[PDB]
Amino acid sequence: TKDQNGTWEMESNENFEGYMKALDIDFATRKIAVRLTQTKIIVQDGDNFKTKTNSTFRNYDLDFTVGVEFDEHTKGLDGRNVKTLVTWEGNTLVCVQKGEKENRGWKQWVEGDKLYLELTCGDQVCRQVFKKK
């Protein structure tokens, strides 16, 4: 369990295209989706997380409590319904999104002044690194 509070600015974004393609996001949207400057702001008070992921293309905003299962409607990305659970595995925040897509979820951890995020769907992995602002 560890502190992830802050404003985080993207410095690296690997294979976001493969990730979206595994989610069957159409070609035209993928071409305008891959933003290289992105800000993630996280407010974490105990088990409650309030996050905003902002780019010039679109914003995703996600609120959740660690250990409480919830239904997520992935509107604005692939628009599927999934049952999501976020828990701690040591100091790594782990999310599983159960539904039609195998191996769908993400892992997020802070190491020094950087936040690392791995997004997975099937056999695709996208890795992003952010620096605390």
The other form holds:
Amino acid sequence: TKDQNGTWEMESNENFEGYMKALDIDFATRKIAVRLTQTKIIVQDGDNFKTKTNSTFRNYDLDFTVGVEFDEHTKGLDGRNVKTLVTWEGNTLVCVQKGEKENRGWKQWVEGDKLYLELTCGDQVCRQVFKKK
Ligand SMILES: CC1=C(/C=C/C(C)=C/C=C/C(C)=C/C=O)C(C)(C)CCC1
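To complete the pair, please output the form solved in complex with retinal (RET); the form deposited without retinal (RET) was given just before.
Let's see the whole complex now, leading with the same chain.
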């Protein structure tokens, strides 16, 4: 369990193109997406999270309560319907997205004033680091 509240500015993004490719996102959207800075805003009131991942092209907003399974519609990404559950494994927030894609989900944790995010889909891992502003 840990405080992840804040505005976080991207400082690193490794193999985002491989992750988008495992999601079958098209060539044109990917080439534009891989070059953009992302900012993440997170408001955390206990077990309720409101998140926004912004970039000039397109944004992605995801709200959820820890430990309550829900239906996520990945609109603006691959636009699939997945069954999502986010839980705490120590101070990593762990998300599994059950559906057609194998091994799909993410892990998010803080160290110092950096937010680390690991995104998985199939055999592809994408590593991102953001710094709190
Ligand atoms: C593919 C893609 C995007 C990235 C989406 C990601 C991967 C969202 C992650 C959300 C999570 C993990 C939030 C938890 O803190 C953008 C930048 C919207 C632009 C359009 C294409």
